[PDB]
Amino acid sequence: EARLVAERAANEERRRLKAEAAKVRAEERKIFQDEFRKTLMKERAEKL
Amino acid sequence: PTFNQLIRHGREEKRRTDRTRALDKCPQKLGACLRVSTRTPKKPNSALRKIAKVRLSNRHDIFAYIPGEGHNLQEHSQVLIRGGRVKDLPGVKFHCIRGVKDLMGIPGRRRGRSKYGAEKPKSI
Amino acid sequence: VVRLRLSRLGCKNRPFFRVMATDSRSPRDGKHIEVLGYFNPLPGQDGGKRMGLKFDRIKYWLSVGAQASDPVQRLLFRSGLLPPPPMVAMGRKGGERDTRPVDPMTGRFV
Amino acid sequence: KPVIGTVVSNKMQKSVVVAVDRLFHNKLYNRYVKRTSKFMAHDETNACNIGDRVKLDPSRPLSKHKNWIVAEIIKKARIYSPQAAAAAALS
RNA sequence: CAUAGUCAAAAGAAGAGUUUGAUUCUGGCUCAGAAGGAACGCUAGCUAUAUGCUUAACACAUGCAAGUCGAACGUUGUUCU
RNA sequence: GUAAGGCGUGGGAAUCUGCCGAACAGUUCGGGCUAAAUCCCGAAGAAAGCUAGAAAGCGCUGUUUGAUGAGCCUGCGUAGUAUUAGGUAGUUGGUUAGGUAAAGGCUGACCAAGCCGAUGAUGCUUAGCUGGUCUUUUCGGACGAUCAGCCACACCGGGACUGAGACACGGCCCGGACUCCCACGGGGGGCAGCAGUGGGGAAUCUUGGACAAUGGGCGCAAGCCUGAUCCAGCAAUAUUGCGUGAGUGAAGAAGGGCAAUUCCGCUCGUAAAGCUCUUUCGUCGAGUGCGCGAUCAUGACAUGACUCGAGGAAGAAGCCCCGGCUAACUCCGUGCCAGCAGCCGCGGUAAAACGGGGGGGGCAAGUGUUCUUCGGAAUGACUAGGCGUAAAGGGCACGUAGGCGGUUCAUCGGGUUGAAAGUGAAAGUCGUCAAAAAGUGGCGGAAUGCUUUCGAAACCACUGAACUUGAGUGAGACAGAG
Ligand SMILES: [K+]
Ligand SMILES: [K+]
Ligand SMILES: [K+]
Ligand SMILES: [K+]
Ligand SMILES: [K+]
Ligand SMILES: [K+]
Ligand SMILES: [K+]
Ligand SMILES: [Mg+2]
Ligand SMILES: [Mg+2]
Ligand SMILES: [Mg+2]
Ligand SMILES: [Mg+2]
Ligand SMILES: [Mg+2]
Ligand SMILES: [Mg+2]
Ligand SMILES: [Mg+2]
Ligand SMILES: [Mg+2]
Ligand SMILES: [Mg+2]
Ligand SMILES: [Mg+2]
Ligand SMILES: [Mg+2]
Ligand SMILES: [Mg+2]
Ligand SMILES: [Mg+2]
Ligand SMILES: [Mg+2]
Ligand SMILES: [Mg+2]
Ligand SMILES: [Mg+2]
Ligand SMILES: [Mg+2]
Ligand SMILES: [Mg+2]
Ligand SMILES: [Mg+2]
Ligand SMILES: [Mg+2]
Ligand SMILES: [Mg+2]
Ligand SMILES: [Mg+2]
Ligand SMILES: [Mg+2]
Ligand SMILES: [Mg+2]
Ligand SMILES: [Mg+2]
Ligand SMILES: [Mg+2]
Ligand SMILES: [Mg+2]
Ligand SMILES: [Mg+2]
Ligand SMILES: [Mg+2]
Ligand SMILES: [Mg+2]
Ligand SMILES: [Mg+2]
Ligand SMILES: [Mg+2]
Ligand SMILES: [Mg+2]
Ligand SMILES: [Mg+2]
Ligand SMILES: [Mg+2]
Ligand SMILES: [Mg+2]
Ligand SMILES: [Mg+2]
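Top to bottom, those sequences are chains V, K, O and P. Each residue of the first sequence is one higher than the last, beginning at 100 in the deposited numbering. Each residue of the second sequence is one higher than the last, beginning at 2 in the deposited numbering. Each residue of the third sequence is one higher than the last, beginning at 2 in the deposited numbering. Each residue of the fourth sequence is one higher than the last, beginning at 2 in the deposited numbering.
Honestly, the hints are just simulated from the structure, not real lab data. Be aware that a few hints might be false.
[As the list claims (entries may be wrong)] In silico DSBU-like links for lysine-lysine, alpha-carbon gap of 30 Å or less:
1) P/2 - P/65
2) P/76 - V/122
3) P/35 - P/56
4) P/67 - P/15
5) V/117 - P/2
6) P/28 - K/15
7) K/15 - K/26
8) P/67 - P/56
9) O/13 - O/50
[To be verified] A short list of chain K residues far from chain P (calculated; beta carbon distances all over 10 Å):
10) 15
11) 29
12) 42
13) 49
Note that beta-carbon positions come from the ideal geometry of N, C-alpha and C, so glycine has one too.
Produce the entire structure from the sequences given, and follow the hints as far as they go.
What follows is the structure in structure tokens.
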């Protein structure tokens, strides 16, 4: 039981660290996707 | 073939006919002589080879060769039959064993004489 | 009943025993629950006999009610896991033993 | 483990047959072969259509061939209804 | 100190004869090795440990292979004091 | 017999469990079997009493438990055959009653038309399965005999009873075939237990000893049972075992074989005999035995072993082969005959190939021959092969299943991957040591797998948003015995 609660505490810290890294990466993703979408919209307008 | 073909349809074995089907996977078979005769060899050999028509205990009819020089076989003599064809004579795929049952050994034979049922000559 | 008994190993005229936890209905050398150790009935070069036991597993099986056979009762007393069997109180039969010394290496009279 | 398959028959009352795929490793030829089992499962409401993706739980025997219970419909199959489709076209 | 310490879990990869006037290739046949619940021939000194109806789940003479408890219970009848 | 109701491996829920361990509560009263009871029946609440000889020791009953077994279910894995394509009709499911210790078409009734099948159902053939055995540079192939685990069966079919447990090898009932008695009315039997006998067969053992050991039944014990077992007997059937001597010896004896008939002419041959030494194995004669297996005691083996003594190289070497493959050559006889032969081939007057003499080579208490398996055989090729002319591209397409197949970003955690836990029986294989001397054991490793928990997130699968290089469209130009 002692080993189990120590293992659960370590996993609860690892999960929160990975959640924070995932959140900052997802926030970084949106600017790139918006710029890329603008580029593709310009290309489609030129072709039209 | 491809690996998928081998998965679907594997590999079969080579098909080879049995040499001595009448022995029925036994080392020897007892028999009784029906007809004792001679047969001439396939060319280029020329002789009069002493054979015997033998009915086996599993009611198979075979031709067996009588090795050595001279024999005492007649009709209705018991012979023990082992495998091994005679290359001169097609259709003769078996041998009679000398020194067992009715086929006697060859006394006076001195060399290689356990293949002819011959005992060791006692020294005097 | 679970039994702590002896299975025969070795060969002919060279007996060796294993200490087993078995169902009583099982064949002697057949099915078993557990191998618990060994016992060598032949005396070795050191002048004594050998035995090995899994002490914790023997304590487990004795705690749940396993019944030791007649030689295993003696073997488990001798290792300290069971009390002495009732017949060891009788003492040994006496008599004049031949105490003439023999040579250890050669087996002849010194 | 978790058993997930596709409904292949639903015409029985309170019963479906579910096809579950698996990969068998052919050790001699080093490939992975798809194998299918068809399992009979309990479906009390008869809510599963053919083509639905379901998850099954193990169960005690309910009938001669029924040993599973449908727990969750993961993905519902698409059914073409001509009149509802025509009404969607009119919109 | 110590009835400690040592980190092992393999080895095992051989070719020859035979198609042709000769050649190389294709392709079979045969041979040298190990083995068996084996059988047969000739010939045999010993110990030990294994193994020994593969065929007819064919028919079986004879003896044995499952009893024990008088510390569950009466019953009759043997002896002797 | 059984091709999946079995087995291997891992799980599960809807059950039971004598004896064995551990708690608690009880163990009261009538009747019946010629006599009684721990036998049978009845009442409460279920029961059963024995022992002051076993008096607080056994036994029984009820309730909770541990342990061990058993029943039931299930995922995955586990033959050949398509010159077998459809199979099923309590069949597949539902409801309700019954049955079971227990889920369940297990089955009565009613309702629906399902279920299985080209990922091979059903038919036919063969087969017990596993651990494993033999072989093999890994893989595979053949086998599943001994031994152990699981299953099935017990003269052939069908049943249930008793019981904790059986639809029960040496229990019962019924039917059948065969068989033995019968006083003729009728009864009896089941070696696929251990021995043993006929029979079949190429072929496979004693109508042995003891419960001393280990295991098992009954008994409080004393004991009694035990063809389980242990141990003897028969069989070169197997096994990296041991022995049949160690030296010396030239009249190079006699005798045998060969020879311009060379060097003691060459060789058998230092070979033998003779002489000296040692007596393993076997033989013969004795002696101790709490030597040892077994101990509190008990020893079948044991006419053994051990120790000592007697003796005398004494009692103990064959089988195949010698043309090439393949180590080993001469003489005589024979004359395509007799014969040999695994393959190629030998023999028709000088045969190293047939048969005998002489010599020699390989193995050796064996050695050949036959059968059977794997190897060599990459000769069914995963490892590791092919298809122009040698076996082998379908006459050519279209498409079902299946197999295979671009990019980025995000998510997820089924596969994948890391660790932990459970399991992977024992024996066998491998490592190592000790033991032993043809024999044993301990500890490891391996068992490449499955289940559970917790991490990882690149790949495969799945989900979402996108991309354009592969595919497909459009517009505009064309060519064509389509
Ligand atoms: K011959
Ligand atoms: K098992
Ligand atoms: K039967
Ligand atoms: K005994
Ligand atoms: K032999
Ligand atoms: K001698
Ligand atoms: K296509
Ligand atoms: Mg069922
Ligand atoms: Mg040619
Ligand atoms: Mg047998
Ligand atoms: Mg009785
Ligand atoms: Mg089929
Ligand atoms: Mg069979
Ligand atoms: Mg098999
Ligand atoms: Mg019979
Ligand atoms: Mg009983
Ligand atoms: Mg009953
Ligand atoms: Mg019987
Ligand atoms: Mg018998
Ligand atoms: Mg016979
Ligand atoms: Mg006993
Ligand atoms: Mg008792
Ligand atoms: Mg016996
Ligand atoms: Mg040997
Ligand atoms: Mg001696
Ligand atoms: Mg003696
Ligand atoms: Mg003793
Ligand atoms: Mg003896
Ligand atoms: Mg040579
Ligand atoms: Mg000549
Ligand atoms: Mg030759
Ligand atoms: Mg010759
Ligand atoms: Mg191969
Ligand atoms: Mg190879
Ligand atoms: Mg290939
Ligand atoms: Mg080829
Ligand atoms: Mg090609
Ligand atoms: Mg073509
Ligand atoms: Mg063609
Ligand atoms: Mg990505
Ligand atoms: Mg994953
Ligand atoms: Mg093991
Ligand atoms: Mg061992
Ligand atoms: Mg070892």
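Going through the hints against the structure:
1. P/2 - P/65: Roughly 23 Å between the alpha carbons, so the hint for residue 2 of chain P and residue 65 of chain P holds.
2. P/76 - V/122: Roughly 29 Å separates the two Cα atoms, so the pair holds.
3. P/35 - P/56: holds (19 Å)
4. P/67 - P/15: Cα-Cα ~11 Å, so holds.
5. V/117 - P/2: Satisfied, since the Cα-Cα distance of roughly 27 Å is no more than 30 Å.
6. P/28 - K/15: Within the cut-off at roughly 23 Å; holds.
7. K/15 - K/26: holds (20 Å)
8. P/67 - P/56: Holds: residue 67 of chain P and residue 56 of chain P sit about 15 Å apart, inside 30 Å.
9. O/13 - O/50: Holds, at roughly 19 Å.
10. 15: Non-interface label stands for residue 15 of chain K: nearest chain P Cβ at 19 Å, farther than 10 Å.
11. 29: holds (40 Å)
12. 42: Residue 42 of chain K is indeed farther than 10 Å from all Cβ atoms of chain P, at 50 Å.
13. 49: holds (57 Å)
In the structure shown, no violation is registered for any of the earlier numbered hints.
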